[PDB]
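Engineer: Assemble chains A' and A'' with the ligands onto chain A, guided by the hints.
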Amino acid sequence: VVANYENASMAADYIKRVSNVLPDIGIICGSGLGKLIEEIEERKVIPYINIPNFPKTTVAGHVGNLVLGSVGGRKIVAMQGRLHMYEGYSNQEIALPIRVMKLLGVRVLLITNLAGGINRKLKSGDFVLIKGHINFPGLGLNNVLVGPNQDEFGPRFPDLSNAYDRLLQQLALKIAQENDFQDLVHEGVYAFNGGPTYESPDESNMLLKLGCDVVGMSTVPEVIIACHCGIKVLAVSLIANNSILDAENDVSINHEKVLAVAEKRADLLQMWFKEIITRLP
Amino acid sequence: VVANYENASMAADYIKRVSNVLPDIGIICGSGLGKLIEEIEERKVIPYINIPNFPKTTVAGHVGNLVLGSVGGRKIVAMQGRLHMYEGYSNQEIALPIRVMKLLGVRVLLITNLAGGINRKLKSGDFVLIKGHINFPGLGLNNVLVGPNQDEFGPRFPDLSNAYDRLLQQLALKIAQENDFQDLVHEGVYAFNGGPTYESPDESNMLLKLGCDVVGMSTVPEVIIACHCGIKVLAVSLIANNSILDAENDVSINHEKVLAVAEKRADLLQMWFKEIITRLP
Amino acid sequence: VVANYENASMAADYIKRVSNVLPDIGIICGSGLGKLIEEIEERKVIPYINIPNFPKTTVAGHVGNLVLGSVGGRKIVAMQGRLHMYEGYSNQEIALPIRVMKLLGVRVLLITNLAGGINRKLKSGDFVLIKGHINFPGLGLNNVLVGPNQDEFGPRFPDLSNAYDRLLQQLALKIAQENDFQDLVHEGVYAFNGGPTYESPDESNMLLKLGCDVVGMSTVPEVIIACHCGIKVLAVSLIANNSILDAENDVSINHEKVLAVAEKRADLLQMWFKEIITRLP
Ligand SMILES: CC(=O)c1ccc(N)cc1O
Ligand SMILES: CC(=O)c1ccc(N)cc1O
Ligand SMILES: CC(=O)c1ccc(N)cc1O
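Quick mapping for you: the protein sequence lines, in order, are chains A, A' and A''. A prime marks a further copy of an entry chain.
Convert by adding 4 to the 1-based position in the first sequence; the result is the number in the authors' numbering.
Convert by adding 4 to the 1-based position in the second sequence; the result is the number in the authors' numbering.
Convert by adding 4 to the 1-based position in the third sequence; the result is the number in the authors' numbering.
Chain A extracted, bound-state conformation:
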């Protein structure tokens, strides 16, 4: 199934009938960082499998819902269970849920992930406002837009120089200052590693030479589809570990350690993003 105009419209039709909500904000939350979704007010939970033309996710398993409702007086739609390209999803499967968000009325997309720190100023538990990216799959002919262009959504050759909105980064920092946790908040460039193996010690050393600040396995595909169709983006990484230090000390990273950092910071991240949503222009 192609992520074209007609197919995205059929999905949006279904969601409009079932939910009644006209959202103008979208959210995609990282692993263990979804508690906010469970506090959406007057909410409607829609399993992906029930939505016409949504990608099939039963081989990977685990939760996969679209959730609609209100936060801080604002109307939102959330993906509960994001799709990752290391599972083998095609470009068309990744793009269709974002293009459905567009047809529902979304103008701002908020994204979180966990990632490895490369910059030596970054420690476990820090937050990074993403200001740019290095897309290794894109350079290497696996860009999420490889394929025919869907002209109704955007141009054949997008410019990504303003993909990460500057004013949204400033608002996120202002709220951190108001609550006295700005000592945790950095900015930086996100490198996309297709995955699912963590960056090796020698890959980490290479990434430091190349000017990467953080590295992870998500986010860049969704950002590019959102930028293509004119949706503004704020993206924030929660640092699980510093991979350069770990290489010097022969320390390993694993998913259990990642989820423990998520649980340690989840409630503060929930509070932060609730206020961002409330304050959005």
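By construction, these hints were calculated from the structure, which means they are not laboratory data.
We treat Cβ as the ideally placed atom computed from N, Cα and C, and that holds for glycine.
Any given hint could be a false lead.
To be verified - Below, computed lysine to any residue pairings styled on SDA-like, alpha-carbon distance capped at 20 Å:
#1 A'':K236 / A:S256
#2 A':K236 / A'':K213
#3 A'':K236 / A'':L284
#4 A'':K135 / A:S256
#5 A'':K127 / A'':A251
#6 A':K79 / A':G234
#7 A'':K213 / A':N209
#8 A'':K127 / A'':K213
#9 A':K213 / A'':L284
#10 A'':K213 / A:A251
#11 A:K135 / A':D254
#12 A:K213 / A':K213
What the hints assert, rightly or not - Stretches of chain A that chain A' covers, calculated by requiring three or more beta carbons in the stretch to come under 8 Å of a beta carbon on chain A':
#13 100–109
#14 148–157
#15 163–177
Structural biologist: Chains A' and A'' with the ligands in isolation, oriented as in the chain A frame:
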């Protein structure tokens, strides 16, 4: 359809019956740089869709013809509308038209493109004679030769160290000197970005560290297929913008700006390549 | 055919019936470096085509056998004819023979290849003990583990920091010292170029900046599948040429030159690996 000996021979059979021309020069022109094709003498225009085993190009649309005839007393074949890998064409679809050129008698292939400048000496409107390349898709398991080797055309493991003929670069520079536009003519290394998103500001900064002089989304696939089967190559980039300056000044690039630079330099490029064809040993 | 538990078990069932050998060591030998396989004692040769669920290899052709028997008192299984991803094999086709090795009882995998030297200390004929890697296909969304995870074999997100066993590297060096050829033995980081074109002169210059010591077109896919399912690895590169010197002197590399270096060092490599097998804890 595989780009093998039998399939390429069937296409060449058709072209020989229809055209009568035995070319020994091939040309592939970049976007907005095709005016020379319209001045080919005693010419024959063959739509791709009419040629047995040629790749289907109707999803992308736009012009797609093979054109045969004479320039400067020399017999040539031109691709009018090149195939780009960001459209989703397979390795086999890209390679078959070049291998048909080989079976028709082509010994020299001339290529132009538009590209972004990375080297700080490059400005909008400059020309770069390509002397080498950095193939990010190839390093990342998307080389145009991934697949079974077609032994009749060339070896399993090609060496690309002489892919860009030195004497053809010297002839192109000599002609620029004769017409007093050598101040526009540089040499450099071409980085292949699969695309279709332009290099981001942070990707551009990385490319400068890596020794790239220019970056674009074409040319390297055709060069590798030509080198594999023993065809000599001259490739020239027309610089649309300097992406490093643009990153420092928050300036964007778009296809309208690219085509305006093409129109500004098209007639000089036409004059240049006509004389190169005329002078080829 | 997926490289899952049930399919690998069906292949292992067949091999157990035919061979009688319960191996705990696996070997994969590089081009021209397979003489040891022909001296396996009380051996059984099994063509891939006869084994249920093994990948089809007839398009590429050439030898493809599984060989089981005894070396130095130890029970081994060898792949005679390795699978290379530049042939177009899928992730599932590469992984299934390694996962069959696991089900047969393999705990240690020994690997050789030929490769190009990047570090200026490396000459034709030197050996490099691999201590880490830089996986350009993995960064670029062509990792051998892209797809659903096969949970019975290993975790969704593997850590590769101990993929190359330190004690096996120490044993290999000790044996070289015992036989007075330690002057040939280096250690280093292996870059994976998907291939099948050799690194270009300008790609070689880039690899030196990035901290790569050697570059080749194999090994990293098998290492990652072995590490995923808990098999220890020793991997050794035989240097065919120094690609940085060759770029400075406009010297080419080709497969004939590669095979001549293999023949020059084959007997010493056979002696070395026989003793390693004999001495394995
Ligand atoms: C969640 C995720 O993708 C991730 C987390 C930690 C890390 N060092 C690298 C990663 O890619
Ligand atoms: C024509 C083309 O591919 C191209 C043009 C300008 C640029 N900065 C990058 C590009 O890739
Ligand atoms: C056997 C092989 O893959 C190989 C050999 C020599 C070389 N300079 C590069 C290579 O990739």
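Engineer: In ascending order, which of the hints set out earlier in this document are inconsistent with the structure?
Structural biologist: 2, 9 and 13
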